[PDB]
Amino acid sequence: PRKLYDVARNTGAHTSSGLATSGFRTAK
Amino acid sequence: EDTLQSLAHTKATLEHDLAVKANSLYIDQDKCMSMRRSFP
Amino acid sequence: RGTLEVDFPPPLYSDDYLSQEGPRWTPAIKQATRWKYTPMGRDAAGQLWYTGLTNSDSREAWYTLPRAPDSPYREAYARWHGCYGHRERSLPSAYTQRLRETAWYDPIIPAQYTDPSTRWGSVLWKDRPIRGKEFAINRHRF
Amino acid sequence: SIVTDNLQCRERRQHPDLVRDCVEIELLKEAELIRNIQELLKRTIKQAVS
Amino acid sequence: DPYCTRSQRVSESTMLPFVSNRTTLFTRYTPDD
Amino acid sequence: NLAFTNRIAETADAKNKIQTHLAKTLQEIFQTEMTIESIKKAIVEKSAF
Amino acid sequence: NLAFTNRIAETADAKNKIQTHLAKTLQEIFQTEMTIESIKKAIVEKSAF
Amino acid sequence: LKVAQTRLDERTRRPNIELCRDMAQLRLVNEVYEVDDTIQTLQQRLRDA
Amino acid sequence: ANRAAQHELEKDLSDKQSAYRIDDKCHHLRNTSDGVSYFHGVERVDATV
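Read top to bottom, the protein sequences are chains A, B, C, D, E, F, G, H and I.
Quick note on numbering: the first sequence equals residues 23 to 50 in the authors' numbering.
Quick note on numbering: the second sequence equals residues 442 to 481 in the authors' numbering.
Quick note on numbering: the third sequence equals residues 15 to 156 in the authors' numbering.
Quick note on numbering: the fourth sequence equals residues 150 to 199 in the authors' numbering.
Quick note on numbering: the fifth sequence equals residues 66 to 98 in the authors' numbering.
Quick note on numbering: the sixth sequence equals residues 344 to 392 in the authors' numbering.
Quick note on numbering: the seventh sequence equals residues 344 to 392 in the authors' numbering.
Quick note on numbering: the eighth sequence equals residues 393 to 441 in the authors' numbering.
Quick note on numbering: the ninth sequence equals residues 246 to 294 in the authors' numbering.
Excised from the complex, chain A in its bound form:
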């Protein structure tokens, strides 16, 4: 559940990183 905890760090209603659970990621 490592990625589950990693997404749950940013799971609130705010500007989250590129942390897409499969695939690529935002450059910023």
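You can trust all of the hints, since none of them are fake.
Sample of chain C residues at the chain I side, in silico, Cβ under 8 angstroms:
| no. | residue |
| --- | --- |
| 1 | 34 |
| 2 | 37 |
| 3 | 39 |
| 4 | 42 |
| 5 | 53 |
| 6 | 54 |
By construction, these hints were calculated from the structure, which means they are not laboratory data.
The beta-carbon is built from N, C-alpha and C at its ideal position, and this holds for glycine as well.
Chain A is already provided as a structure; the job is to place chains B, C, D, E, F, G, H and I on it using the hints.
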């Protein structure tokens, strides 16, 4: 006139909400469960 | 004053100033190169890559006509920019500079030299009715 | 004009530093504040000519 | 361990960049929100 | 599969409620338009008096 | 006076159409002068082959 | 003015990167101000008549 | 990597399809249509990225 423009704003809000929930149902029911029906 | 009779539908347009909010996130601009880290494996290497607008056959003329297989030329942005320039040349330049990124454009949305009215022209020629005296319509443009 | 030029020059950053940090937040806030002030000024000048 | 890293493991793993070309930062939401 | 069934049921309920509210809003808008037209005709008759 | 007014309007519009036709023909002769040289360029490359 | 207003604002719910300042937005806000100025001039002519 | 780059292209296709729906419903709207109403103040806002 004031009440008419407030009602028109709520109409636009509910129409966009209708579109987004219809697409969410379309994904979750049609394109995602075909694989769970298949099960290779 | 006396009794008034009013018959016209619409209101005066500008009223009720509101504390407007703003756009979220940085504007995007075309970059000349980017960076990619492509195989998701233990074998992996990050390389930069030419976005195609720098190395390009940017000038299409009679001398550059035959073209080449290895030449970095993109057909998609070429056709789109051809029709987009065709569209863009019809618009005046004072509105076209709002499509430029850096905000050099005027804070006034209508252009001054196009507009026949005067921007904040304090004078309005107004005429009263007095018996036996002419009512002159449109005294601005004699 | 100065603020939007700042935005394009800072946004063309190299990849291990393209971040959303304290500089971007106050730059966006400054741009919105400028647009708000020069929206208020038109209302003031129209009231003056009336 | 050689098999403790595979493509199916570091394809999942998150500290590595694997970046795309988009710069917009999407937001996530909570069900009670 | 269980979690998918629960999620599909919840969002289908939300879409049905949204469609009912949209129909009510459209009927409200139409009869508000008839109301404001009636006000306009009344103002014209008072002007004649 | 009316006879002169309508005759001036008609002959002025004829002159304006002649203006636009001359502009288009000058653009056309420029374009075909630009394309007459690529034939000679092609002939030189074919001589090399 | 009604038609131009609806044309303007239903391009506000657009997706993320597609929310571009196209020439349509500039042309539509110029339309809104132009038809506004026409409305005030016709109102003043109504009062004078 | 092939499948991830696919998914990026599919997301771009989804955004362009939503933009096509919104702008086509804009463009084929007409005067004397049914869904037109006043909306004061959207020409004041411009939140584009």
